[PDB]
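K.L.:
What follows is the residue order along each chain.
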Amino acid sequence: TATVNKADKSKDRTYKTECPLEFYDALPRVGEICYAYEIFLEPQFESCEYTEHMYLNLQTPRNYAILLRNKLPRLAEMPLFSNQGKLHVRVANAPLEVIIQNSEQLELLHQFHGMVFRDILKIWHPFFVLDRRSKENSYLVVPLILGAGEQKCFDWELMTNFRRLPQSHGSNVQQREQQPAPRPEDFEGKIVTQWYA
Amino acid sequence: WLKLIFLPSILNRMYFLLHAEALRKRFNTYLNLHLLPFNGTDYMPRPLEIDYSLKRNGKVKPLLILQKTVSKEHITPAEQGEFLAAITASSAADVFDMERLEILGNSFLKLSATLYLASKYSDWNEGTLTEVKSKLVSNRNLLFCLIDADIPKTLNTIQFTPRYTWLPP
Amino acid sequence: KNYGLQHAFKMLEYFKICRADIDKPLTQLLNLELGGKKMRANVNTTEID
Amino acid sequence: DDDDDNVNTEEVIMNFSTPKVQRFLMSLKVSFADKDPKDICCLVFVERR
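Protein chains in written order, with the deposited numbering: chain A, 691 to 887; chain B, 986 to 1042, 1169 to 1280; chain C, 1379 to 1427; chain D, 347 to 395.
In short, the hints are calculated from the structure, not lab data.
A couple of the hints might just be wrong.
[Claimed, not checked] Under 7 Å between C-beta atoms, here's a sample of chain B residues computed to sit facing chain C:
#1 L1016
#2 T1180
#3 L1226
#4 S1230
#5 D1234
#6 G1238
#7 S1249
#8 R1251
#9 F1255
#10 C1256
[As the list claims (entries may be wrong)] Simulated restraints, written as ranges between beta carbons of each label pair:
#11 A:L711 <-> B:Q1270: 54 to 64 Å
#12 D:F362 <-> A:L711: 34 to 44 Å
#13 D:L374 <-> A:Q749: 15 to 25 Å
#14 A:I789 <-> B:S1218: 26 to 36 Å
#15 A:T693 <-> B:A1260: 38 to 48 Å
[To be verified] Here are the simulated BS3-like pairs of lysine-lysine, each with C-alpha atoms no more than 27 Å apart in a straight line:
#16 C:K1402 <-> B:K1264
#17 C:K1415 <-> B:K1183
#18 B:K1221 <-> C:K1388
Ideal Cβ placement from N, Cα and C applies to all residues, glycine included.
Let the sequences and hints guide you as you build the complete structure.
P.N.:
In structure tokens, the structure reads:
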């Protein structure tokens, strides 16, 4: 009946966003069953001399999964657009059921998950803190490696090694003299940066 | 490292994909259509389709909507990607938006409000019927009757800038 | 688009846009009646012709 | 030297400035490498207008 509120047609309101029920209280726990959903990235672009690296790398079986206490439903295939073409992303319908029996194991898992955003993606902020409240939007991302048979297992060695990304430091001649000779094997399929440039 | 580069986009999309799946299951349950083989436990979500129409991307043919309205043999499962597209606003610079579905929804809402008012208040002149219809399909009425449904808390309406305005899980 | 008008009418009951009634369920909107005193169904057709 | 102008500008700036300015720019880069613009707020004090 009132006509006073008809003038402000360009109004807006603030809404408290809520995470999906699966993401809420999805923090994996010690001694409880947890589900990991492997993320498969499928390149759609044709391989060429300029798209070779991504097209070979994204098809490698060294994928990463998403850990939740809750069970995810079937998810639709999603398209992503990189610089060198379109990508198809799918989440495995059958989760990987593993048990966590060690507290420091979960600590290492969460440490790697935090390190990924802090260093690799640089999403970190000074006020950001690793969350253990087991509350809204709480789940982990875990790297996977091939084990026995076709089954996959957690990449324990990677997260026990890469708690933090090592800082890029240059090497001078005197300390380079006695450093071990570089080998082709430790340099194959790795990440490197130019400290001098 | 290359696979982890795409992680924020995948996580942000899975957020609203789970929201859309929840909406799909809820709406299918409300219509008693959840027990259908399409919408039951044997649901296979179809892949999301790019809306290439977007700027940043003798005889009469029977109308499909009416044809499936009168016959149940052509009822198609409510796709999860379609619900995600309905959720995703145009402000979020994604590959799909809500406008194309919004056109059909607005027209259906106008038609249904008109029919409901004409059946309920058949003994009224057209001025008051038009005024009441405009009030029913007004922005404020839809805003209120969607706020009380707890839908706006799950909308996708902001551009994804992970380094600036995103909280990782 | 996925379920036709008969199934879509129940959304308005869900969103409380159109209040339902015992006499006139929301799924029967396609059965609109041109009712009221404005009709005279007893008039023979020659008057209309 | 090269044709890429984006790196050419940086290279000429670093090659046509005294070590004071070069070190200043390196410190600025290493202090605000990939941070949030809303998070950094700094002043630079110089003598002459």
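K.L.:
Quick one: which hint numbers does this structure break? Sort them smallest to largest.
P.N.:
Structure breaks hints 6, 7, 8, 9, 11, 12, 13, 14, 15, 16, 17.
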